[PDB]
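Given these sequences and hints, build the entire structure.
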Amino acid sequence: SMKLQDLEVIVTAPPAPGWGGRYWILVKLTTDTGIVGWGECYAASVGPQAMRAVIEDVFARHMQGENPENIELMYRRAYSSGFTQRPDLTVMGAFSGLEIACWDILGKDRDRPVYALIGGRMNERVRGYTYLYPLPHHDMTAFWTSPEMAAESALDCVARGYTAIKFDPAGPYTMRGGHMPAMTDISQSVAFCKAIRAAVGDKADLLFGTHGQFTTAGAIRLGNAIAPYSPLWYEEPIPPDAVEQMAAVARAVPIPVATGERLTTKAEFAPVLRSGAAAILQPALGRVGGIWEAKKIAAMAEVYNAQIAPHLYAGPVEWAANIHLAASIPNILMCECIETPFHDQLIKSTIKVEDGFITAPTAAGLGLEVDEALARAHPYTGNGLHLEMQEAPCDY
Amino acid sequence: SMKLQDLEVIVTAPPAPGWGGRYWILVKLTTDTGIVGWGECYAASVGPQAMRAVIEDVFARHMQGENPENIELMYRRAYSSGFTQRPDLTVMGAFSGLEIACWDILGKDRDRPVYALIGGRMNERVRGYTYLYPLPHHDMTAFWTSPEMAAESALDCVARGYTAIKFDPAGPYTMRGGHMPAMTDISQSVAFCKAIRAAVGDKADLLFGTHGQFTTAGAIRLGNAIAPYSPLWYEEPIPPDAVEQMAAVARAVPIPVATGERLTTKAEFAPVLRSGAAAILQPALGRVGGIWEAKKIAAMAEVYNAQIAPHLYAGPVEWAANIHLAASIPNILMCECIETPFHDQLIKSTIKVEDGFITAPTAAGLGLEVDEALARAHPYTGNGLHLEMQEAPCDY
Amino acid sequence: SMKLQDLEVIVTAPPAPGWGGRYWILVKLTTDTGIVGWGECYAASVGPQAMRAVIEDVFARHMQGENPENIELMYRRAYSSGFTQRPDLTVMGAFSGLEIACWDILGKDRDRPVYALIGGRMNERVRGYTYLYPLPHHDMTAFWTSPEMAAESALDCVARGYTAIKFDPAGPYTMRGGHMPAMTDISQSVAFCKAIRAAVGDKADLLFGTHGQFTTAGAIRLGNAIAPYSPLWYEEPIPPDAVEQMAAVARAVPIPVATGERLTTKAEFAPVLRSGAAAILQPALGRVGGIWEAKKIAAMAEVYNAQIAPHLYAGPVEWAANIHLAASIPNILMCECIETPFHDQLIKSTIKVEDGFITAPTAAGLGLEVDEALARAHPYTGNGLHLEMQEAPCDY
Amino acid sequence: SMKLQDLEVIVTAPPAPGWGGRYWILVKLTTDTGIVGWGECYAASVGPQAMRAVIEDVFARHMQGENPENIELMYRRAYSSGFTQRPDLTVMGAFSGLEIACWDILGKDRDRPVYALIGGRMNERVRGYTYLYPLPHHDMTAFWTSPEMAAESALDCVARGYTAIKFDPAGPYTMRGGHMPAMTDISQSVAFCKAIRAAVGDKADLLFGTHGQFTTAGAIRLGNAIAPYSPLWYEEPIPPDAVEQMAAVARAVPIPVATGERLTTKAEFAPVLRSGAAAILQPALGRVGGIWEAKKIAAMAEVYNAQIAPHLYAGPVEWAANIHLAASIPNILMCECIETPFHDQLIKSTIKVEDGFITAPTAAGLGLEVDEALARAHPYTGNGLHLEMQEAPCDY
Amino acid sequence: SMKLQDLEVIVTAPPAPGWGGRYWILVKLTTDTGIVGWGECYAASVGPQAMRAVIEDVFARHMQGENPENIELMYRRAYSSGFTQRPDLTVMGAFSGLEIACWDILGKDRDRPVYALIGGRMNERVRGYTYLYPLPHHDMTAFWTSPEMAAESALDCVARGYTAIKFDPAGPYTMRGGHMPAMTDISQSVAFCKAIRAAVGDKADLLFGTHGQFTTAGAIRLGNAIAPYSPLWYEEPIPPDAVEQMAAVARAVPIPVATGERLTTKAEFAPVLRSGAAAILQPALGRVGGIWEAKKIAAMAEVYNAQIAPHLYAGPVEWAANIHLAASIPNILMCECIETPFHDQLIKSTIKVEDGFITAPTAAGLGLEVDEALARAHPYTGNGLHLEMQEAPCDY
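Protein chains in written order, with our numbering: chain H, 1 to 396; chain D, 1 to 396; chain U, 1 to 396; chain R, 1 to 396; chain Z, 1 to 396.
Under the rule of at most 25 Å between Cα atoms (straight-line distance), these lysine to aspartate or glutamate pairs were calculated in the DMTMM-like manner: (1) D:3 with H:124; (2) Z:194 with D:202; (3) D:108 with H:66; (4) Z:296 with H:244; (5) U:3 with R:124.
The hints are simulated quantities; they were obtained by calculation from the structure and are not laboratory data.
Below you can see the structure in the form of structure tokens.
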């Protein structure tokens with residue numbers, strides 16, 4: 001009948017230049033019958049050590065002993081934990097990773113690809129995209145304020161088959177809340193869009209990968225400045241804590257709005273759709289509630305004629321979860337990709353970006369072979385968080 | 001992979017008094033590997049023979065030769081058939097039954113119950129309800145306008161474990177569209193409620209089960225008249241073709257509004273939730289687009305703090321799908337039930353109501369032993385449609 | 001007094017190149033007094049043979065034996081059939097054709113043109129428009145992605161007296177639901193507009209004739225990309241299954257939105273006008289519920305200061321119905337025309353486009369002389385639907 | 001085609017006690033081919049003498065020498081007269097009566113009843129209702145403030161077969177605008193409903209026939225007070241010049257609101273429906289724009305799940321146009337009736353109320369035989385308008 | 001300036017019967033200058049052990065080595081931790097308790113009560129209230145379903161000077177989400193209100209203390225049922241994850257809605273007020289973001305003419321922060337109180353309820369003298385969370 005039994009947490013630090021963050025939180029579950037599943041947690045409101053305790057509390061309290069088929073039940077338990085029953089970002093981070101592991105386990109038990117268990121091969125291939133990263137000759141410090149070098153990266157990404165590319169020239173996000181962009185921030189953003197569009201012409205779409213730096217006013221001003229270059233989407237124009245405000249940006253600029261990487265559960269995505277705050281949803285599966293929760297959200301997007309674009313600023317296990325969701329949904333737009341040697345070998349190259357696209361895996365579960373020894377051979381030893389928000393204010 | 005190859009359509013007609021309708025449309029699917037699934041189409045816009053052609057077409061065009069795992073894909077094909085991509089009540093009725101059979105097949109192939117493949121056993125048991133049917137010693141003509149006899153039935157249902165009962169005392173629905181209830185329609189309604197509430201007290205809920213006879217004005221007048229007897233739902237107050245009007249009713253009466261049986265696809269249920277037209281959804285699985293589609297709707301009701309009460313005015317195969325949906329969703333209210341000797345024997349009693357509740361089936365697929373020879377022995381020889389809207393006007 | 005007695009269904013297949021689709025579903029009704037009427041059905045959710053049974057069911061069940069004068073009555077039965085009373089796309093497709101045939105009958109009985117029966121000659125002549133089709137010297141396959149050949153074709157349309165021309169360069173529509181355009185899809189749309197606008201100058205309006213390929217975001221991006229060339233309308237920017245979304249496109253682009261060819265009944269058109277989803281309504285009379293239902297819709301659009309543009313992707317019979325509707329309403333915009341030899345011959349040339357306009361017919365009924373012989377000598381033997389949604393995704 | 005040629009206006013004055021008003025304005029049209037049609041104008045802003053000049057002007061400018069078939073065209077002309085194109089109550093009151101005569105003419109030319117021309121026999125019998133008028137033995141002046149005597153009248157109406165009766169005990173309407181009812185106005189209204197509901201029980205519906213006397217606040221207070229007696233409708237709760245405000249009453253009281261007897265054209269009825277100001281429309285056909293205009297309005301009501309209750313405070317001719325409209329619309333609710341010997345005599349007893357209902361007429365046109373001699377023998381010699389608004393304030 | 005230096009977490013467990021929960025999480029902060037401040041964390045998503053790691057992380061990352069005066073800055077840091085900047089229930093539960101200790105420290109440094117620091121003594125006495133707990137002679141298990149015994153408790157509370165009492169007879173809250181109440185749930189709720197209102201008369205207000213058990217529909221049914229007994233408020237009618245939905249209850253029932261004990265930060269309270277979801281806010285200070293955050297929220301409530309009713313289901317330390325908030329805000333309504341010997345002892349009887357009220361404290365800071373030894377002598381040895389959500393479904 002099958003029962004979840006063992007939990008291991010492995011925090012692994014990607015090697016410099018560390019595209020993808022300071023550390024990835026990996027979970028490995030084992031059933032009483034020995035079926036092993038991998039998952040990944042997306043949480044950094046507190047550090048990895050605190051998260052370990054959180055993940056183990058979630059697992060023991062709501063999941064250990066349970067039949068892995070009972071995803072609804074386990075979600076309801078974690079979501080309701082401690083008389084809450086409302087989005088707990090940290091707890092959901094914990095549960096999402098464990099839940100993804102459950103799916104990897106279910107695919108192995110059923111001997112099918114995960115997407116085959118959740119609606120079938122809707123898509124043979126999935127369109128991918130990547131951030132513009134420094135080229136092996138780019139001054140890695142200048143590269144981040146250089147329209148010219150970004151355009152070079154864009155050109156290289158296109159040659160590799162990518163049909164869309166993301167970037168954020170808009171300046172620093174801070175702990176202070178939204179701020180008005182400096183004029184130089186606006187000019188910079190225009191120069192980037194101008195340079196990158198001129199480079200790739202029609203061959204690719206531009207994704208403005210803003211990080212919620214701005215007040216509604218600021219976002220609108222910046223939104224209209226980059227409008228002329230025909231960006232596919234305008235990501236997180238304002239901080240994730242004001243739904244009606246983001247819908248206000250959406251109405252005021254011609255660019256489609258994208259958001260979701262910092263949201264969790266359908267409870268939070270529902271109002272985003274209902275108000276018109278975004279036309280493109282970007283869950284981080286390691287945060288949002290897992291694959292199933294994300295299937296629910298994707299069905300919601302359908303009735304708003306909206307598309308999903310799964311977030312990735314983490315490791316290849318989370319990414320695999322994204323691919324499997326992407327594969328099973330009619331309204332997929334594209335999957336975010338982070339192509340590094342370390343991403344590739346953590347899973348022994350089992351899933352791969354091929355000329356811009358990702359093919360639906362054939363292997364069982366997530367289709368991964370996780371290199372646990374490599375994972376353990378790279379411990380995190382910093383005291384920072386996976387991601388961090390600047391202390392200093394915008395520079396005028 | 002398994003491919004769907006064969007299709008058999010079987011129209012069977014319930015022996016009198018025919019609780020459940022004039023005929024049930026069963027589809028029996030078989031894959032190339034010899035696995036058999038049963039589905040049930042809920043479609044009566046035209047007769048069984050036209051529907052047979054519709055079902056045959058839909059199957060050959062969009063499903064035959066396809067991996068049964070690909071439910072998303074097949075739904076998209078059917079939904080879009082012929083450059084439509086909007087709800088087609090007749091095609092979707094055909095697809096719904098085929099899609100159901102697909103899940104029976106997948107359940108057998110995985111050797112698991114259907115609910116285990118769609119989120120797991122969220123519910124060990126499911127609350128049931130029945131309509132108030134005449135007792136053996138009841139004049140089967142007088143019964144339907146009799147508060148006194150309806151109360152005897154109410155009592156009999158309570159003694160049998162049922163914790164909820166439905167009735168409709170409000171007069172006939174006609175081809176004409178909504179009308180104003182005769183004042184005697186309101187009086188008879190209030191008298192039913194008075195009698196049934198008196199008899200059961202707290203042991204059961206009252207489900208006022210209208211058939212959309214009324215104009216908005218009329219529906220609101222009726223609703224306010226039966227509100228004192230505290231019904232749990234007010235079902236289809238008006239016709240299924242004006243969401244905003246139903247919401248109007250919902251805002252003007254204290255009773256929760258239930259609707260669904262005449263709706264199809266999530267594209268029609270979305271505006272129902274969005275506009276406040278109904279707090280309780282009642283999809284007919286043989287009509288909405290199948291089990292998967294209904295899972296998406298249940299997920300949608302979920303962010304409206306709303307619940308699902310699967311419709312049943314058909315045979316035991318559709319009921320079975322209702323119950324596998326029910327067992328899998330946290331936001332289930334109750335399942336419509338119809339206990340007749342024919343229902344029971346058509347599935348060799350494999351699924352049964354017990355003391356008002358239904359236990360999550362255990363066997364593979366839908367968990368049924370369909371008695372094909374018995375269904376074929378009961379051909380439909382009538383001229384009528386499964387249901388009919390009378391021609392005569394409301395009698396004043 | 002006279003009654004509807006006999007029905008013949010005749011499916012006819014136009015010769016290549018096939019402007020008008022794969023087949024037209026013609027209905028011929030005969031009264032017991034021997035008067036003959038013709039009509040056309042617009043339905044392709046299932047194939048010709050299935051429709052035959054549906055049409056035959058609809059007629060036998062609700063129309064046969066009935067006084068043709070009773071349009072309201074027969075509509076209520078079909079609309080309500082089998083306890084539905086919400087739009088059934090397949091049943092209404094069938095009914096519309098029978099309904100149009102009834103009008104032809106009525107016109108022949110009254111010895112007056114149909115328009116004279118439904119409000120009189122409001123318009124002496126009716127403004128027409130056409131798709132841009134390949135000129136004889138055009139590469140058939142290259143033409144469809146060539147701004148240059150389109151402008152050549154558009155110039156020929158102006159020469160023949162057309163004052164508006166339609167085209168769709170935006171790419172393929174798929175069963176997957178709305179997608180985001182490739183930048184090439186946008187570029188190409190712009191080049192088509194630039195080219196076609198430069199050729200015709202003020203001499204003709206451009207109608208951007210899109211097909212619901214896109215997501216709301218994608219539709220908005222495309223929309224104000226083509227705005228600089230001043231299209232008279234922006235057709236079906238998104239799929240027909242999300243009203244509120246289409247209104248969202250309408251608020252965001254400066255172009256007037258037209259829609260309706262995949263809609264049926266006033267019940268579906270009412271929320272389109274009410275929501276501001278479209279300023280221009282394009283019923284297909286063979287689908288929408290017939291000439292009468294279409295008059296009701298046209299009067300509805302009147303109180304929204306909106307107009308009607310009858311859709312044609314079918315035969316001269318549906319077209320005849322369109323023109324009689326057109327001649328009878330104040331708020332007529334224009335009438336889609338498909339000028340092929342076979343369109344002409346099937347009605348022995350009884351109605352003609354002349355220098356871009358059609359003159360109100362004088363002959364009784366629809367004013368046609370249908371060439372049954374011709375129709376029967378062109379049967380449809382194909383396996384496809386009149387129209388079809390492609391399975392492959394948009395190419396990126 | 002035949003052309004409208006001659007106009008004859010005939011103002012006739014019902015004998016005492018004169019239920020139906022001070023005078024009816026009849027029009028008699030003759031075609032060049034000698035066909036005679038009768039209609040009725042409903043206009044009293046200015047007196048009989050000024051209205052003659054209005055009617056003669058409208059006829060000569062817009063309708064004389066036109067084919068009577070061209071109803072849309074003639075409406076467009078009158079509606080637009082003198083660069084207006086917005087509802088002109090006075091002009092439309094003239095055109096409505098002329099329009100009705102056109103339908104009478106058309107029915108005779110076609111040799112069918114008018115309803116057979118406008119959608120056919122949707123209804124075989126029309127449900128009727130009547131004001132509570134004094135019984136012979138009643139003090140004709142005490143009666144209007146006597147719940148007891150009103151109850152005797154209602155009870156007599158039920159014996160004659162009526163299933164709904166109307167009354168207004170709410171006090172006088174003044175030229176001042178809406179006022180707050182005196183507490184005595186409210187208590188008397190209550191005492192009327194109580195006595196009439198007690199007398200009729202379920203045998204008849206109560207139609208509260210207010211005359212827009214009250215401010216919104218006052219309307220709401222009155223409505224709530226009478227709610228307990230369950231009136232089918234609450235007529236003109238406030239003046240007809242603030243729709244948003246009437247919607248406010250409708251939302252604040254449980255009683256279905258009815259209005260329309262003082263509105264004209266679909267341009268004024270659209271906002272009523274659209275805002276939820278009324279659930280029941282009551283056009284006066286001699287004012288609203290004619291039979292065709294009433295048809296468009298009825299179609300509009302359909303998509304709001306609302307009904308039509310044709311107004312009558314005039315002669316038998318406008319009543320006939322009411323009956324033919326009612327016969328042709330699915331959403332009829334009931335027709336107001338005024339039973340006096342003079343009504344009967346003016347049309348030679350040709351259409352009658354029988355046991356509460358009216359059977360669809362059979363003779364051609366309106367099916368009337370108007371007694372011109374009797375009309376010309378009853379000249380209006382008074383100065384008063386058909387109806388008037390009190391000068392004196394409400395009495396507190 | 002002084003800097004926060006040391007943190008000490010102390011989990012303490014109230015003795016039986018343990019009103020106030022399973023354990024309280026206290027924090028003790030010391031400055032480099034040796035000043036000691038106490039606070040209380042309100043978090044139970046995860047257990048005491050995980051929360052320690054959370055609290056220690058938050059303190060070390062964001063507050064250690066900071067001037068305690070910088071409350072805005074420390075909040076901004078914690079709120080934003082790890083690129084979040086949206087409400088994190090778990091992290092905020094940690095920071096809230098730390099924040100309270102900061103205020104205790106500040107009050108001591110300034111040598112004034114905390115309220116004197118945050119707007120001053122707006123109120124000299126705070127109005128209090130309490131749950132109905134069992135009286136000694138009560139069967140401690142029969143009591144919770146005994147209207148009779150609850151009435152005895154309420155009556156005892158009135159003798160002690162309370163002017164408002166809270167109770168919840170509505171049934172259990174489950175991890176499943178909202179459910180429909182059983183009729184017995186509704187009848188018992190009614191019997192509770194009746195017996196308690198009868199006993200207290202006008203001497204006290206009834207606070208219906210529901211726990212978000214119900215679906216919207218169910219919430220509305222329950223509310224209407226209890227309305228007659230005139231409760232001052234209706235607490236958490238539904239789960240805290242659908243504001244639009246809670247506003248819907250508020251509009252549908254006459255009882256003022258209260259909520260907030262499960263929300264955090266002004267970012268979640270703003271939409272509540274803005275949508276009319278609640279008229280009375282009840283923040284748990286140990287969860288919402290601290291005393292300062294509660295102050296901003298109270299100011300927000302002011303412009304909505306809404307009040308604040310500080311939540312307490314924890315120890316005396318959070319209660320103290322409640323009292324100081326209450327003392328400083330114009331729109332206080334009442335403070336929840338839990339009177340156990342252990343509450344008293346933990347703070348050495350230093351703040352007390354007297355005759356239903358609490359007098360503004362006088363000693364510096366929180367005005368408490370926390371008994372660390374008593375706290376450290378009552379370790380939590382259980383595994384359960386402070387509160388939990390039932391697994392079992394509602395019993396019908």
